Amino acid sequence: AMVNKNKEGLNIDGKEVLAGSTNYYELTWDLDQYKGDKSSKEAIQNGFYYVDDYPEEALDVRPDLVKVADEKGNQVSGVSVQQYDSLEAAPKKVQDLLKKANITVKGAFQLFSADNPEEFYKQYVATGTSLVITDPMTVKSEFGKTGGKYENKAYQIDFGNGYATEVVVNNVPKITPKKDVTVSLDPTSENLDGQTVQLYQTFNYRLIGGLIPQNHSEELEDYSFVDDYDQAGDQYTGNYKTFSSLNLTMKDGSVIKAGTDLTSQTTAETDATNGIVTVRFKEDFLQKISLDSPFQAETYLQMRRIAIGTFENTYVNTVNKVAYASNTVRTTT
């Protein structure tokens, strides 16, 4: 058995996992088969190992969180974990172990081993004490821009033979903020990116957040719009509105329809010196969104064009404090 869980222990097999989130994998190390009639000599001679072929393209292991315990949570000492970048890179003894076990791995993997086979056998195997490996791995923050599926595979090795656990699959959503320029709050209004904005005119920067898909694995703690605008051409008026981009289902079962004004569920911080405005969703509002609901929102910053020339703007949508830059717009005055 292998399962993936979020930090609060919720099973998240098959779920969408945001860049920066952690997969708290739990691998079951089943020692039940030793209640059979093979000898301790056969068990100890072969040793006790577990292999995790983790998806190194998507995930970074958190070795500081790797732990081995029994089913009651008693921590188990004497199990070591070694990470290897590839099979070729691993020592001959490890290569041979996997070969004999009928295992192949893709790229990097981890090997868990009983440091002291005889004592492992006496204290854990012979007492019918199965173990639980906690093996957390974080989605690379970068990956959130390309997105894609990843798969974690594990194998237990007993009497020198490897047996696969289940494979757990997850997906990383591509988070792709977009920035438009408008003179209206209507979502169908014309995008002025690439066009002219007259001197002294009021206009909006439309900051469309990334789409958090339904069936996501972690609470939303942060969903912010950060806009360091060019003060040589633009002045933020101190007025903005934020709207839902989609229907949102809340944990209680209520629904906020697409296009609802969510400005009262946000706060804004403005830096007048540097020409930066940051609009954040209130944490208590984000907590109300169901994990099964998609989430997306957009913010219209009301601006004034205060000088002639060509000016660009880009914004950053942070999602659980991970930054995703929008496209860069350009207007001429």
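Between two forms, the rigid core is the largest collection of C-alphas that superpose within 1.5 Å. Positions refer to the first chain, counted from 1. First, how it differs from the form deposited in another entry.
- With the rigid core aligned between these two forms, the listed residues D186, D252, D261, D85 include just one Cα displaced by at least 2 Å, namely that of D186.
- With the core held fixed, the Cα of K38 is displaced between these two forms by 2 Å or more.
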Second form
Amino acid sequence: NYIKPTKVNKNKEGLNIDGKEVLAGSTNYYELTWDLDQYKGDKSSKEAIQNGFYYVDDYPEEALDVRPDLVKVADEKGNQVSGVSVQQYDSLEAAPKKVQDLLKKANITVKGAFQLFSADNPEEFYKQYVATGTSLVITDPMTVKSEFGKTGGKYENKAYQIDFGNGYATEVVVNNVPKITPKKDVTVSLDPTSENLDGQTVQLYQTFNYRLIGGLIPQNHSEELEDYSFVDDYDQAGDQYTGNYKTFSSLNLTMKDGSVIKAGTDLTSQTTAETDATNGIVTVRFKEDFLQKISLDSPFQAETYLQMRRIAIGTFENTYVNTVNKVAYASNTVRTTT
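One more: the block was the form deposited in one PDB entry; return the form deposited in another entry.
Here you get just the chain by itself.
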């Protein structure tokens, strides 16, 4: 249009995920196009060519880590391009004046850190790709920061093609990271009204439940759920896991086939459990076969009740960790007294 660099975000499987929720620990497989086709067979002065050929990616450094060894420049046929290098700069102030002047002349402003891809030899780059109208594709994967997941928050990525010193902007690609915040309660039964005893008392030998509410995965998320587990390393000095637990959906779940599993539905059989009575730990994992059936357009959240017994006098704490695609999120810590 006619010189129209583009930027899209993709997941690992190559699905377009522009504007989608992206879980902490996920990778953004950004694809940048270097739009050269309109240049084919044109002639340009040596002087113009000497202004060089660059591609800037003003990536959101506060949120993402570049995965340097996944960054590739290819032509569209997939062939590796040599003669283009890339340099990350933590700021513009810290970049060569050559770079600062280049950007100023293209009227491009960047925020904090960015990447500059460079044609090492503008003459050979010209002859080989520009004159021949051979557009390129830059794969620039960048991974969400795990901590970001405690907070959530928007990030955006922006890019610029710079030919002959003229600058051309891609669209801005926006994503959001969900805040995942698991909760833990203490209850005597599964009744939905049952009293939270967090901060209260439990009798010796009383049977009770630790209720572990998982983090909420929002609709419109960017990739398959592979892992959603509840790991409860409880205090074996005061608590004994009786070997009974149940798992329930917390929301209506929409499957890929279009069916709906309603909120509160017993899904215990779509989970497995590891126990360890010695170190007092239990882990409940959804089966990956089940998780694979959830539509990317569905929210997801579950909760597990662990049947416990109080077996000593004293004050005992409990906290659980919800793992979501292998990132760990800790619940609040509950406390009861016997």
